[PDB]
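Just the one chain here, laid out as structure tokens, in the form solved without the partner chain.
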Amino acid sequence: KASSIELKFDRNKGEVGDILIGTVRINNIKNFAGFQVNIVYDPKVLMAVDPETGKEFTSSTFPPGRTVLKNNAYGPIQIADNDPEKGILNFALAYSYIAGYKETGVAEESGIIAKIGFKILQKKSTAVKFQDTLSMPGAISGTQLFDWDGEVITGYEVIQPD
């Protein structure tokens, strides 16, 4: 029942050339209607790729795999502004029609918001994490969650990968 955003890996070690899959998940986020996150990694050691195809993320790549914020009746808008050469992923998605969403009264409070492949480029210990950035003032460790009143949500835990 604890409210959280988590970045979790299926496995955290592999051989060079294999792809580690990171899943970004939300849990018990009250009246959840959108988010923005900033995730950083060492681009010399890991490369952000599509989990299925292995195709390198570019600046506009919005990650696949979500199980929430998919109802077209509420106007989902995806924005990506990654800088993979600098090891930065930054992407956001929210329902525009939050009036129609709130009016139905059923909130999507838990689920997957992204799946991201990380292809291993070197045999070297490394970390992937949510991290604050000056382009996101008022964030909680590089995360912002929004509700169906269009307000910023607080009080949740940011769970980093082990």
Given for the second form:
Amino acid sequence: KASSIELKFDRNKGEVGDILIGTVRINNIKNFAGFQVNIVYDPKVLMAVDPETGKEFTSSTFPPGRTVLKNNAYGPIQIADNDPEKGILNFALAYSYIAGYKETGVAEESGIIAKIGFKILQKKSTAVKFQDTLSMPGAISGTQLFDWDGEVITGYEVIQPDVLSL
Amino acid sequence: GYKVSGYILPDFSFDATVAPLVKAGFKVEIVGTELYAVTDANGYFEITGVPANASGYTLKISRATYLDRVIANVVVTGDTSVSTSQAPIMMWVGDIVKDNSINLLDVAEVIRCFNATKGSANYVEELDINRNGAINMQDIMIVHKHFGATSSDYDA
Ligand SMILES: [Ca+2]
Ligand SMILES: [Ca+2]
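If the one shown is the form solved without the partner chain, what is the structure of the form solved in complex with the partner chain?
First the chain shown before, then all remaining chains and molecules of the complex.
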């Protein structure tokens, strides 16, 4: 099937104070073992928040809700380096012991890698999406995926969401 | 004396512009002697004036941020190519906090400079593993290639 990473929202409309949930997932990524993404939004329209608790995202907040790369036997490592004030989310996650992971002979190729809450501050048309950044040269529209050999994966689609109209 | 030569190649992907930077600097020394050499931009090294030794010598390869490698039984009965361009000696990067072990402390050092770009206050070239101008997850994944390894993990 089609290999891709996508950001999608549970709802397209809402009231001020409502928390829209953006789910980031991957589909059919061969030998997937890690990633890093850069997502941008308009901070005066939406506010990045934990989809569950509702706590405000800070520079070190790592998004929850993933269904892949959770096996402690391969030491998953999470990294967050956001800039909420500028409407920028940048985080990464990967198994450290990829050699052990490859030994199982079965990779986790489809699933959720992040769930992000976006609280509606204004009733206006806005968009959020993956976007390239200087700290990720050679990236695919602000995304980089890696296999269990530690190499960058290429050729997949980056499906942009939004068109959030209100 | 004879000439002991070969080629060395780091175990990760890199483009043509950085090749000269990542293939140079590997110190090759014959254990128990004062004979040694450092690879040039082509990953090539050549030690000269080496006495014959039917009972092969032991060589040690080292470089900052890399895991030391020991190669025993290098027989020298004349000029000898330890390795070739076609089949070079591989070296593993990731032993940042020198302790002969690729572990979480090493990954933590790269993390301290996460997302740093060339010329930035937090950018350190040696931590920019593939030297593409930014320190990020791509570099960490390279270190992960040999997470948990010690010198003895190299093929003997
Ligand atoms: Ca170390
Ligand atoms: Ca880099």
